[PDB]
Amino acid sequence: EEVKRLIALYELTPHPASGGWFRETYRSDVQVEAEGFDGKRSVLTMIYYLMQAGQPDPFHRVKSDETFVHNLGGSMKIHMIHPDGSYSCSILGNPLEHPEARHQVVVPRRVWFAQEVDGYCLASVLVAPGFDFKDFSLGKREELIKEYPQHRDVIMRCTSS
């Protein structure tokens, strides 16, 4: 597989909280303070992230804008549920093959998001201020359905029991 060659070359490993493969490749020396964050943070972090068909990356949330950039493969569907209860969907990919896709997608801070692919996709994902486990939340199925009953179907598909 091309997938296996990519995993070997970029030295990726299974992601604890999801279905894909990852590695953190960069973490900035420069540290900054920001309102709403508990303590100092790196200004920027970057990973590789690779996904396959059949396993969604379940709903999750952070305190920073998160920037997705397309490297190789098919399209990636990014689901979003905003604070006011509205839902949207952005397509990450190559517009020369898929006219409504784009090479860059930014998901706004504090939005609940999840993703799925039809083939495989290799992306680079960045966050600023930089990633810290204290700023991260994994979504709970029953709590999400309680808050957003109008989105039961998509929530069921992109969460664990």
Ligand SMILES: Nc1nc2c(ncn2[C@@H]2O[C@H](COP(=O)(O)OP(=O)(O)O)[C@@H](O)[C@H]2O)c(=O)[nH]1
The other form holds:
There are 2 protein chains.
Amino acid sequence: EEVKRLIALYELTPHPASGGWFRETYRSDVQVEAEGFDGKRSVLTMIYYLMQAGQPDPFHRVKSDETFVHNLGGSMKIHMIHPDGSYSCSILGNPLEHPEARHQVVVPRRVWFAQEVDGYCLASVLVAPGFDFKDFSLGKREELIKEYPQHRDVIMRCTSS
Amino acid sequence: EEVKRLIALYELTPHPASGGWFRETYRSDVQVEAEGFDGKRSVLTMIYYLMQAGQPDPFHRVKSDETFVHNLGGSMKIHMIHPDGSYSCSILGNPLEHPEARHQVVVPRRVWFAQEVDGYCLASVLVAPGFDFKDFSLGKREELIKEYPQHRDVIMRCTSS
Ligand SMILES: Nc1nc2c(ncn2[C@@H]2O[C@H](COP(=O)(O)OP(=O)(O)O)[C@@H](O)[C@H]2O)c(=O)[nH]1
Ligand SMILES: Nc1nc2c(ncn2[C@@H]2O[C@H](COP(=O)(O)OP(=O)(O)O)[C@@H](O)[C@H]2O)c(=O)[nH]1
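What would the structure be for the form deposited with guanosine-5'-diphosphate (GDP) bound, given that what you showed me was the form solved without guanosine-5'-diphosphate (GDP)?
The complete assembly is shown below, putting the previous chain first.
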């Protein structure tokens, strides 16, 4: 209602690492052995991911491209700090309502990213090679400020204390 | 027309085996030698795929699970004939408007599948291992009816002369 209907209906649960809601809906039987990965991985995993205003999914990164796909709701800012230190922002949403928004956004592997919404957004989020906690890094405020001092504001807004 | 804005904005072209409008938006750098695949494959490819009423994507199949994700518009019937010959139908869409629809539908590899809509639908469709024409089969009316005589109606509706 509408957020709760979607949480009920899709059986989302509060995301350990984030201010949002999720459930992994698919994990492929097929495996890849990929350099830079410790061990076999699944070819693909997909979650539902729902976000609400006020609670930013904080900076984090993985070893795969992460593909976001907009299902419902408002737009979703996806903040990105790339390894060369540069900052970009992609808008996930519906260009029919917001011309700068796209229904697909691919976050390159190794980019630190965080996300915020002004209302709520339901997304499907896919990762290939498939998600595994050994490949996940939750960013620490102080380490990120030290690495990227020129991005202090966005880092402050999108990390916990 | 909403359709043409999407076709314009997402640069869709009409689907060779269609249809159906599409564009491959992403193909992963990472590869993976999966048994039963002739050669390496990308781990993941994604397309926009847009459908309108009266024009059924005909029956086809690939060697990968194929994941549909609903972006905009009405529901999309996904007809499936599975290797054991049984028939199922998944509804891709928004369960807030249609209780039985879902934002994600995974078509298992090797299933023959076809899709129709009553209005229009924009979906993102992902394949892992990533799409490659050597893995694709377009269904032939005659061979499919030979194979699955109990599903003549649906094969008739979703194949071309
Ligand atoms: N598949 C997938 N899972 C994710 C992603 N981000 C976070 N997770 C999940 O975090 C979930 C929580 O597991 P975990 O927190 O370690 O167990 P718990 O905290 O004791 O309930 C796992 O199911 C992971 O799937 C993602 O992008 N993909
Ligand atoms: N990536 C991907 N591509 C698809 C899918 N279905 C059809 N195609 C595409 O079909 C396209 C064929 O290009 P096409 O327009 O036929 O060029 P042509 O050979 O001159 O006709 C390729 O770009 C494939 O990507 C799919 O599920 N995924």
